[PDB]
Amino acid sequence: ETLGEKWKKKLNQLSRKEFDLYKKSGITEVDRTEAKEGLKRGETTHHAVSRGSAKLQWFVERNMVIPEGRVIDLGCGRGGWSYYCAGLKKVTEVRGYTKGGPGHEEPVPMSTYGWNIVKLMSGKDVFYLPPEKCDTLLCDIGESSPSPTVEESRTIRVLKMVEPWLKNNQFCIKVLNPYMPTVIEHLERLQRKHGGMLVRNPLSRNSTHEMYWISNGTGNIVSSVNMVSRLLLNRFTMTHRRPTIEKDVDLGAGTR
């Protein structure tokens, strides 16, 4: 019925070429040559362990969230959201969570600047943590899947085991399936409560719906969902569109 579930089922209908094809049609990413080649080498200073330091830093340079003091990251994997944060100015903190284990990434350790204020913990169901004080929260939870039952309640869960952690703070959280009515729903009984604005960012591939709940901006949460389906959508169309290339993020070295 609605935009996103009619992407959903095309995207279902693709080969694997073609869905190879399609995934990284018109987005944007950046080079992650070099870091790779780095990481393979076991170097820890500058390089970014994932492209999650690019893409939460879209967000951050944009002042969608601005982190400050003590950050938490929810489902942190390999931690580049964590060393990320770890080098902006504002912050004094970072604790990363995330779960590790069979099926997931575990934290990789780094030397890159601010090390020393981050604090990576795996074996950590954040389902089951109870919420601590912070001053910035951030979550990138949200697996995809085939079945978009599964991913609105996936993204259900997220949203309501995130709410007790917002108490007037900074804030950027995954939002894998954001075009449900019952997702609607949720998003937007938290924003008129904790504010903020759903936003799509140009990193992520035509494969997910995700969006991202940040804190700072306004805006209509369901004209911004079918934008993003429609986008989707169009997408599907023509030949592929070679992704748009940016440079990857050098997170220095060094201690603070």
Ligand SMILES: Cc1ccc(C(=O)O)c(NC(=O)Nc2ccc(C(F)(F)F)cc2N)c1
The other form holds:
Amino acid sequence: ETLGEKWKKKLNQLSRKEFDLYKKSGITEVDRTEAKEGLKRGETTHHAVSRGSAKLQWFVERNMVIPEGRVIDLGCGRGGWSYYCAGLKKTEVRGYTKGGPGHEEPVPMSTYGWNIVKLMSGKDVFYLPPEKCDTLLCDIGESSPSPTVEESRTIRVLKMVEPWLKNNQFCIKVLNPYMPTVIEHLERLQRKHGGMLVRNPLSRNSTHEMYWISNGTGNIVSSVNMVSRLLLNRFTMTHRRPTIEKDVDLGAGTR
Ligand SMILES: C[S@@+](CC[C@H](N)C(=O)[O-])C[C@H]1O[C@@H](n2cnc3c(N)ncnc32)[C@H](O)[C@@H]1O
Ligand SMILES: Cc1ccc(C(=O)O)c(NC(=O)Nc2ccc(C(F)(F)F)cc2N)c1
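Since we've got the form deposited without the ligand here, give me the form solved in complex with the ligand too.
After this comes the whole thing, all chains and molecules, with the earlier chain placed first.
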């Protein structure tokens, strides 16, 4: 049994009180106060629509994925990854999201480069034919107390994304990366498309998610086990308040 399974088993034993203190212990987060306040007032400039803009910015600013040309954003939700890419110097952003009951709807914004963005709700990516693009982003993977449900969801995402991969820049969420069948798929995918699995410091401890990014190399099993050990160790000590960082200012204007 994997270190990830032992982490999931321990996470599932936590009381709501314990879970809420564990989930942010020692993580990094952006202060969303100003953005939430502005969004509640219907302000359409500067503010990121979600924590997602800062989450993707973390990989981009480290050259792990370098968005360029036509960007496809799978599971765009409110549009945080889309509006962030829209301001990047290297042309078009197309976001798809399911929407409807229990899902986020795209939020219309006037942040920098809004005019090159089209977000489409009512779209289940599991029924979409692949489109030509220069950057493929995917942030899909719903957490579940069941690791076997999470394993099925992760494989489904990895099988779905592959036909969109054609020597392009990519950043794909891998919800549950520790299950041996997931590792098998990731290893096969890394041999063909390259890239590496990376843990984002903005991820909560309540998810084992890692992202498969195009610009990197490394041992997937080693990176996964290092994350399992990190998350397991964070159950040991009293809550460490999260490291607080500034949220992104996405500005205003057309491109
Ligand atoms: C983690 S959120 C994305 C956050 C986004 N990256 C941002 O920056 O705001 C994942 C989104 O995927 C959507 N989603 C889940 N399953 C989907 C599917 N089958 N097709 C399309 N969208 C889906 C969810 O509704 C949710 O809004
Ligand atoms: C559990 C949860 C948490 C956050 C959200 C969100 O969007 O931050 C969410 N969202 C929703 O439920 N969305 C939703 C609810 C109802 C309808 C409908 F049917 F048309 F009336 C449409 C949508 N898109 C659910």
